[PDB]
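Selected chains only, in their assembly positions.
For clarity, chains are labelled A and B in written order, and residue numbers in each chain start from 1.
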Amino acid sequence: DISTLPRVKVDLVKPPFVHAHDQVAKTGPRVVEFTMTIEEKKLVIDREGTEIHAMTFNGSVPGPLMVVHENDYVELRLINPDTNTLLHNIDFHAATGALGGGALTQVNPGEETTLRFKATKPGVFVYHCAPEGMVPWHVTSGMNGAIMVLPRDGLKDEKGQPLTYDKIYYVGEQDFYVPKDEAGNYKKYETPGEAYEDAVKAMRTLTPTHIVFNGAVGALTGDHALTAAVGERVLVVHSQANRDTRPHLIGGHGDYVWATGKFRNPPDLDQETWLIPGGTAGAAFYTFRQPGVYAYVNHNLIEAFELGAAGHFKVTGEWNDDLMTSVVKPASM
Amino acid sequence: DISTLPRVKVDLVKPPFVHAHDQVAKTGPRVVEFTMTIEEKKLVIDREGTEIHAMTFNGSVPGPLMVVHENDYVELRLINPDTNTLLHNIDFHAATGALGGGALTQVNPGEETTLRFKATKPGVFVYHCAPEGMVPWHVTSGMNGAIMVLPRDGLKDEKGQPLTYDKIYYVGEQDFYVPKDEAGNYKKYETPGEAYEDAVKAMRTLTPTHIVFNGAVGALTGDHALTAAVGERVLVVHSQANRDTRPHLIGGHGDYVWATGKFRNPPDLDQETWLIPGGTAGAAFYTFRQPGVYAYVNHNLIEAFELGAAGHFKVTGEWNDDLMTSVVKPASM
């Protein structure tokens, strides 16, 4: 009886950060209340100043990571302000029924809706917008995110022993398809409706123009590099709502990886690289063992270093010369 | 001694349906006899009336699902009628030796052949045509299907307990590469031989023009939507003989998934989406928990909703408001 369950209100935070939560459930099942406001906005996605009409949950690409426990109820108030011009909705891959909630959450500008669903399966899951007839346009305009449904007793390794993270980050990876003129320059439109049919032609080529983390080239670098310390246990949740990706921590590993993101399965150990299929969220657990800069990439290195799918960690601590050392620094023969 | 084994003749059925079989073997090992007639035919693959010279086993794209048990013998009579104009053969991924049988089954028009092989490994497997020098043209002209080799004691979960399906469907997913003129319109040819070299150029671009289930855009929708009831256990076998796919049941999950299709492995649980590599068949088991329409897709949503890789389930039964409910239907603020 759902009336009788506790309610807790969660205030979301902007990726790659994750809202505060408990790994091990400190309460019984709850109705966990979220609100997201849909924002249609111009976003600059690259160093060149290329613009897209982005379609966002809560103003970000990706949408924020929501976190609950298995057999919690997720209750989302989804608001489509009258400053928007499109139809929106939401499909949670975590949910069961009505196209993941998409059939129940179609909101015109000036409308809102509240959906509740029971999070029966533990894992990380994609959520995305999916209005009938215009689904790939919405998703590849950035209107996707993820939800983590933790087991009530937290994550476990392949032996069933607890794995506890110190830090969690959420990397949303976005393929964009910016339409081009016949010379191959990107096009600009006053409104999203004007972009749409050219958007469909660009998507049908299947090759992205850009592939970015956290909504832009370089978003997770510099002052916005991810951070950790030697000895810290870090979970990286990574989603890709539309295309395969192959994440790799350059300088590290995934010590435990749920490549297709579902925590009732034992993790894969010691991964160099893993395949997160388009329409999936995955999670990798790593304990840093060396300080310094790491590149976290889609290991199609073209996608990473030419199209945008690369971020950095800056890791503090002491250097372990037993794990790695320069015996002879680069020098002339 | 094979003479002494029972023979059973199977009459195949058109995908997405599957011929009658027993999950748990009710006999000892058998020689299971199949006949397929090769048909070269014009097929309309999209709503626009785009045509291809399709190359089929038994008149369908995909070819029918064959079902046997482990350590049965598959005996296929493969007929190339004199109304055809090409060389054909068959490679079973389930089989061992002679390029999966391809080296033994090359039939000119007006020829037939009978191949026998022992199905030593349980799983779902691709079969396809593969004539030396022209293999991708044949496969991507639709000449592929799948065979399921069930364990003799039926499917098992990750704990080794029986999993019994009520219903099984076979989704064959086909990438087509229809040649284009310089404006990007699809080309038509009187005969397959006239299409061939332009076919090779179109394939070499690597990007499909169409990606369809059951041989056409919309084939598994409307009167040909897949069906189930709440509480029904359904196995969806999915193959892709040439390219990766990432199936997703929109509104559901794969409760147990053999993404790369081999039943001696424990299934992956609770999948949102899974990666079936090109040249593979996979299988997902799901118990429906909600009525209504589901979209079963390749979750590159461009491939699904622009190129054709989307089908529907229509599911009957009562709606469970505990699993999902609209708290506040879409309404003005």
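Rule of thumb we're sticking to: a residue touches a chain if its C-beta (ideal position, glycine included) is under 8 Å from a C-beta of that chain, and two chains touch if they have at least 3 such contacts.
The total count of identical chains across the complete complex in this file is 3, with 2 shown in place.
Operating definition for what follows: only the chains that are shown with their structure count from here on.
Here the CA centre of chain A is 31 Å from the CA centre of chain B. Touching chain B in their complex are the following residues of chain A: 2, 75, 77, 79, 82, 91, 93-108, 110-118, 120-123, 125-126, 130, 135-136, 139-140, 177, 200, 203-207, 241-244, 260-262, 264-265, 275, 277-281. Across the complex, chain B meets chain A through its residues 207-208, 244, 246, 248, 250-253, 259, 268-275, 289-290, 292-295, 297, 299-307, 319-320, 322-333.
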